[PDB]
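**Q** Listed below are the residues making up each chain.
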Amino acid sequence: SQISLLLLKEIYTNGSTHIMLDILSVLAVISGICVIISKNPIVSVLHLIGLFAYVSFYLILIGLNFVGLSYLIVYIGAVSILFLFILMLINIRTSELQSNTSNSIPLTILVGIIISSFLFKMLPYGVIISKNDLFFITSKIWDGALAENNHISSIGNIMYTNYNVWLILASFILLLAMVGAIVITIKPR
Amino acid sequence: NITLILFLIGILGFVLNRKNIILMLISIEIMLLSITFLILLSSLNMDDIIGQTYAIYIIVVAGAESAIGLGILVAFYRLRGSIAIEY
Amino acid sequence: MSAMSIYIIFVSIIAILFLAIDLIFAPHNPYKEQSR
Amino acid sequence: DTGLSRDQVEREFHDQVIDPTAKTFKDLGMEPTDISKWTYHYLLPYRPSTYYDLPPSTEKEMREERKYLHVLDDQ
Amino acid sequence: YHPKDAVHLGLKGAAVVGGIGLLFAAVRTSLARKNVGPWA
Amino acid sequence: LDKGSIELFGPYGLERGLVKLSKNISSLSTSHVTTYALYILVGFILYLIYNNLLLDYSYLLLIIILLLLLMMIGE
Ligand SMILES: CCCCCCCCCCCCO[C@@H]1O[C@H](CO)[C@@H](O[C@H]2O[C@H](CO)[C@@H](O)[C@H](O)[C@H]2O)[C@H](O)[C@H]1O
Ligand SMILES: CCCCCCCCCCCCO[C@@H]1O[C@H](CO)[C@@H](O[C@H]2O[C@H](CO)[C@@H](O)[C@H](O)[C@H]2O)[C@H](O)[C@H]1O
Ligand SMILES: CCCCCCCCCCCCO[C@@H]1O[C@H](CO)[C@@H](O[C@H]2O[C@H](CO)[C@@H](O)[C@H](O)[C@H]2O)[C@H](O)[C@H]1O
Numbered sequence: 003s004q005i006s007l008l009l010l011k012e013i014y015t016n017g018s019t020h021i022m023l024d025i026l027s028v029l030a031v032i033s034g035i036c037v038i039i040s041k042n043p044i045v046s047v048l049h050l051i052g053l054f055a056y057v058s059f060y061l062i063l064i065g066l067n068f069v070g071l072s073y074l075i076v077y078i079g080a081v082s083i084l085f086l087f088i089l090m091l092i093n094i095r096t097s098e099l100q101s102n103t104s105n106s107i108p109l110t111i112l113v114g115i116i117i118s119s120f121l122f123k124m125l126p127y128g129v130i131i132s164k165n166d167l168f169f170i171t172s173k174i175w176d177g178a179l180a181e182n183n184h185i186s187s188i189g190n191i192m193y194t195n196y197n198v199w200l201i202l203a204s205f206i207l208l209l210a211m212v213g214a215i216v217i218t219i220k221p222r
Numbered sequence: 002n003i004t005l006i007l008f009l010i011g012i013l014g015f016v017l018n019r020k021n022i023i024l025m026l027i028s029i030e031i032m033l034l035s036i037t038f039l040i041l042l043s044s045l046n047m048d049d050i051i052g053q054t055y056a057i058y059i060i061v062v063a064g065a066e067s068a069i070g071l072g073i074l075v076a077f078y079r080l081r082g083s084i085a086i087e088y
Numbered sequence: 001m002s003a004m005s006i007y008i009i010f011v012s013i014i015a016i017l018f019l020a021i022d023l024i025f026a027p028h029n030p031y032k033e047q048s049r
Numbered sequence: 304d305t306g307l308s309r310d311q312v313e314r315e316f317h318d319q320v321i322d323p324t325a326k327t328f329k330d331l332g333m334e335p336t337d338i339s340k341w342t343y344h345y346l347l348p349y350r351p352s353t354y355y356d357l358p359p360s361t362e363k364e365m366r367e368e369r370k371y372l373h374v375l376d377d378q
Numbered sequence: 011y012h013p014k015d016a017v018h019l020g021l022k023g024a025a026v027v028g029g030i031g032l033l034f035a036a037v038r039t040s041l042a043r044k045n046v047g048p049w050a
Numbered sequence: 596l597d598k599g600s601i602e603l604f605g606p607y608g609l610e611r612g613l614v615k616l617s618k619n620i621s622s623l624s625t626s627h628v629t630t631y632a633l634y635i636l637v638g639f640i641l642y643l644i645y646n647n648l649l650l651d652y653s654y655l656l657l658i659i660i661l662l663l664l665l666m667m668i669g670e
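Chains as they are written, first to last, in the authors' numbering: chain 6, 3 to 132, 164 to 222; chain L, 2 to 88; chain 3, 1 to 33, 47 to 49; chain E, 304 to 378; chain J, 11 to 50; chain 5, 596 to 670.
It is worth saying that the hints were derived from the structure and are not from the lab. Watch out, some of these pointers could steer you wrong.
What the hints assert, rightly or not - Here are the simulated DMTMM-like cross-link-like pairs (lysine to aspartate or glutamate), alpha carbons at most 20 Å apart as the crow flies:
#1 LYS220 (chain 6) - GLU334 (chain E)
#2 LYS20 (chain L) - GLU98 (chain 6)
#3 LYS44 (chain J) - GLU362 (chain E)
#4 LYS41 (chain 6) - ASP356 (chain E)
#5 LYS363 (chain E) - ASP48 (chain L)
Said to hold, decoys possible - Taking beta-carbon pairs under 10 Å as the criterion, some of the chain 6 residues facing chain 5 (in silico):
#6 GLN100
#7 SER101
#8 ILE107
#9 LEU109
#10 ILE111
#11 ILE117
#12 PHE120
#13 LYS123
#14 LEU125
#15 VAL129
Here a beta-carbon is modelled for each residue, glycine too, at the ideal position from N, C-alpha and C.
Using the sequences plus the hints, can you model the full thing?
**A** So, in structure tokens, the structure goes:
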């Protein structure tokens, strides 16, 4: 007699608002806009450190802590630091890097439409999943929850055994970036 | 949809750049953060750990291009004294 | 709400307040006054 | 002193009118100076000028940079 | 056979071919060496 | 004819046209990484347009042939 389907809020085991994702998208976009329009390369790298943070939080917020923390440790931690070193030691006259940006507005208009109209069709349904709105539903499992692993233990269970060839190539790419970058910069002895 | 927009930002960094070889360095990394970010969000959708791992190896190759890229840019600056493009 | 959220906001409030004592109570003189 | 108050705004509408019956600098053997000859002096401290704001370089000095090494590869 | 509206199809080529050439002029302005502006 | 239209409509005409054509195309190659990047993206867009709109193959050749003529024309 009464409606069989019943919808009610969750009092304690709740979760996060999906509103935060829409905020973190906006700032990531806003931060990214300032990267490619800023006059000073120091400032653009700062807007890059901001973008890497917003994307890192976006991922932590949706459950991907190890890689979201890996982005923090790797990009903001170390790559942008190397960028800051070089950019704070190279002499930069901030007017020789400034080009007439107003000319390229029409080409910005043109290439924005063409790329956006094509690539968006390529994306899968799950990524563009976000008036009757579809709700995603989840339920518990017991056989699959016996000894659950964090994402880093799951990556580790296969990173060094089944897909270990990927580790070999990466070890050699990092090793080449060591030898090659040392040999093209330093004066021997 | 955020992944595609952030890809455009990297593209548009190549559209608006006549003088910054540093912004060309930057926009390549914005483009890499789009593609890694897209792989990751689809991995959460399909319950696959290989998408997570593929992101990890993209992050490691991305840092290595920064070392090679900033190393070569140092070698150029030593003999040039300027990163500027006369135009 | 979660605990991690209330914790960052709390620290954020304290970090703002020490600005407030400085900007409210500390004096403020308007006068704020090439090689390779 | 916030620089704006009720009476100070009214001061904005008036213009200075020089009293013609009153003595001036000349009567004291003095010459006033204008403010245009002094702005550079009293505003020079308020001039943010770093290596960034410098003009784009010329071709002659770009050549001068090729006689220097701009990196110390042994330090 | 099935006749085709020549005027309609003719415009399509003008927009298709002309549309591409509009993108070429966009390249020309972006690579302009002076402050020529967007409406150039 | 022999020393005229046969050579103007032939080896001497082709010589004069092609040398001018190639001087113009090589006037594009400026060793400016900023300009090269735009050219790669331009060449990327045309590939996407071609092989997504299902444009007529003839539409492409008109563009290609029309381009070659503009490189024949100077200034
Ligand atoms: C972020 C949270 C919101 C903001 C909270 C903090 C608000 C800060 C502003 C209010 C307090 C201002 O603090 C006060 O500023 C004025 C103006 O600069 C200073 O005033 C000083 O310079 C002015 C210049 O016009 C003089 O006329 C004045 O006689 C002199 O005392 C005071 O020395 C300073 O103590
Ligand atoms: C159906 C159409 C015909 C089919 C294809 C026919 C193509 C034949 C055209 C070849 C054009 C001549 O090719 C070009 O000629 C000039 C001379 O004119 C040569 O130029 C040479 O001769 C000149 C003579 O003063 C000297 O400066 C020098 O010995 C050398 O530069 C070039 O080395 C050659 O590249
Ligand atoms: C018996 C017939 C034998 C036929 C042999 C094979 C013919 C080969 C076909 C193409 C020959 C080249 O054809 C020739 O093109 C060149 C440009 O490249 C033209 O060369 C010239 O064009 C105009 C004049 O018309 C000039 O202002 C221009 O400066 C110049 O490029 C010739 O006017 C044209 O006749």
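**Q** If any of the earlier hints don't hold here, list their numbers in rising order.
**A** 1, 5, 6, 8, 10, 14 and 15
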